[PDB]
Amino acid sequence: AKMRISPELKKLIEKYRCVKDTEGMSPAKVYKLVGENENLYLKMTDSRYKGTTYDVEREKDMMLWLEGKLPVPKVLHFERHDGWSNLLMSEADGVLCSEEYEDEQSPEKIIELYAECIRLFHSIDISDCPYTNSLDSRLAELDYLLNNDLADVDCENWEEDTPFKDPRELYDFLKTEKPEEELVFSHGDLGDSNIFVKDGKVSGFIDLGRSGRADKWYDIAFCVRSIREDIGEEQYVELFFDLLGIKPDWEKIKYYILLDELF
């Protein structure tokens, strides 16, 4: 078994009214620390995932590295207590993108924000980026996640696409169709649930576990995925690409989409 938080962190959480999140489909625990002067956010991952891209210990390193680079939360407190990586952070600036256009019907504005993140990422210098997440490192991690049954291979939200009938089939296809990689700055989980906007621009990025070096089509692929499922009109997928000023590599896009199927 295990535990949770330390005494120190048990003080702050007591001082703020705590509310338990339910927006994190991940193995992490997320709590909002409602406060009088502000709100703080606590996120915790158990040992089983240490060293993995879910380990907040890593999300924290990356969160520290983006200071003065991208709009990310401020690392307040971090600790390893009872085989748990606990991160205390400040409340992202802005509104959740999913809740800024929740009613939606502002397709082009979403497409803009997505395309804005992309251009933005292709600005962060990865000369000193802490982690490299090339397919090699990622297929490595996946394999590992499967061997230790650390991944949900039964009840996930598959894409209606995934041509495969079992986990290893997919793994194999990935480990076998690896596109060439042009390393840029990758978020690792670009989606309206992990992005914050304000007054019309992006004002915050959170959920930075797989943040680091990675092919450029990785994030783009994700935006395509979201765009398609949430708007469902090839029309705005094209527009997205027009705003990016790039031609779609449907092979890479598909590929990278699949790579996320088991995470």
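The term rigid core refers to the most C-alpha atoms you can superpose between the two forms while keeping them within 1.5 Å. Numbering follows the first chain given and starts at 1. What changes on going to the form deposited in another entry:
In the core-aligned comparison between the two forms, the C-alpha of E104 is the only one from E169, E104, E108, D93 that shifts by 2 Å or more. Once you line up the core between the two forms, the Cα of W158 ends up 2 Å or more from where it was. Once the rigid core is used as the reference frame, the Cα position of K11 differs between the two forms by 2 Å or more.
Please show me the structure of the same protein in the form deposited in another entry, now that we have looked at it in the form deposited in one PDB entry.
Nothing else is written out below except the one chain.
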């Protein structure tokens, strides 16, 4: 009752015209705040998601920690208000990657960008990284989500051709076939709509609730998935690995792609 945002947060944003973001299918609410001289974004998750990699508070922590390490929005305000975790942030710098480069026209550039994300991430010191997204941690949260009907279990997972017939069957695979983990900085949802570019370089990362320490193959796997889905031609997957300077590990790649299935 009353409000989802505090009186002080409301005071902060009242001069702005709120526009609800439509493209975005997580449990968070995202609002673009249009002001006279700049836009802000306000992102909110409810208490059901506290402690999970959807938790906007966890995203806020990573956003703060990443300042000076990766280009990310500025955290302007955070609060917990009546169950809700609310994050007010600045607008990322540059153009959303999915908007700047289309798959039909700039395949090599897209591959190049993804590759540069991986390289950049590997240079980040994770000594004092706030969160460790080990598989034990991710699996524990997936178990929590499934138990409480909070996972993304619907739609494509009902199709008769699905590799696993129900969520617990997938969960079992993930739980019992964990690969070896060598921890590095991981974005957690590396994709063309969580990344900004400017002057042909990466200029911002957003959607950071799932970022933290994780195995190096995790983000690489997301790149492979994107390349195959958006571009399709396998040549470009091979090119991606040519830029990385490593041979693929299809077992680990398949694993992390399956891990993200229910998120």
